[PDB]
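Let's look at chain A:
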Amino acid sequence: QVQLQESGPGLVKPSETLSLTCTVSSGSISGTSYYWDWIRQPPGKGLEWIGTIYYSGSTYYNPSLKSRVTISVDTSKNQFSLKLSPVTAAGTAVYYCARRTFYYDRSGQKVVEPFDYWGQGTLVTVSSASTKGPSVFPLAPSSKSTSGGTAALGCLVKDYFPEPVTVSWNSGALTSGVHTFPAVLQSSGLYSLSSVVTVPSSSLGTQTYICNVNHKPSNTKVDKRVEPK
Partner candidate 1 sequence: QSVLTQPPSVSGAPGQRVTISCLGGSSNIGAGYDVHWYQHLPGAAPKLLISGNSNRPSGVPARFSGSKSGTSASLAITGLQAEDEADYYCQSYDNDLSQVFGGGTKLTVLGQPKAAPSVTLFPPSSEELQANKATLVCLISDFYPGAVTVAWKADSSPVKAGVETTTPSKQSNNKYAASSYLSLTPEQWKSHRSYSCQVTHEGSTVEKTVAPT
Partner candidate 2 sequence: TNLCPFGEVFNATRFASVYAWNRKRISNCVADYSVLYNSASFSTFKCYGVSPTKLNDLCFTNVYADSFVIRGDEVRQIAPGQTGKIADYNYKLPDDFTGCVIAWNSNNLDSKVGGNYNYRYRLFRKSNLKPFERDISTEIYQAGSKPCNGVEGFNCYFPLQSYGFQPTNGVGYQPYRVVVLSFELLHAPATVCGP
């Protein structure tokens, strides 16, 4: 299938330009019966359509956001782009790009279907604060290793901004028992997250456990080993 991928800076100062770009792969942005759209979802709330573009360059914008919205397209890179020029606190949202297909009626009227294809969504935070890369600390297994049962180990990811961070264990080979918790905002203005996993206690001597922490705003790529001591 066709793939959509949102790209863009995750942090923007208020009253400055928010800019995102959507790259299409395994398909053409220049398709004659497609419409290309931007939608956003503020955190914990609902979905809001922003605007739509056609490969020729025609646009239709949401009247509420018209004053600040510009959507462009570049058929040569198979991309279309979004620009919110005076961004406000409302700009904090996960932004999606999507595609619809449209046809013409037997009557000759145009019919546009709902959104078939979506991107993965990228979060953009509107803030005066600066980027801060995370510190990664080990939540080491307890010394109950004699138990023939189950032990927990984890990774604490502390004092970072903005969101998100992603956490993996053993480069994805470890999925069962993993709980990567939602990040809490601290008084510091910095986020903090925990990622734990339950494993058989017998595995503590046999199997090395590495958590793989990623924070792209800061280009942080940390692999921390949780060891049993």
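How these were chosen: all candidates are chains of the complex that A comes from, given by their letters.
FYI, contacts are C-beta pairs under 8 Å (C-beta built on N, C-alpha and C of every residue); 3 or more make two chains touch, one makes a residue touch a chain; residues count from 1.
Participant: Among 1 or 2, which touches chain A when you look at the whole complex?
Facilitator: 2
Participant: Which of the residues in chain A end up touching candidate 2 in this complex?
Facilitator: Residues 1-2, 27-28, 30-34, 99, 101, 103-108, 111, 116-117.
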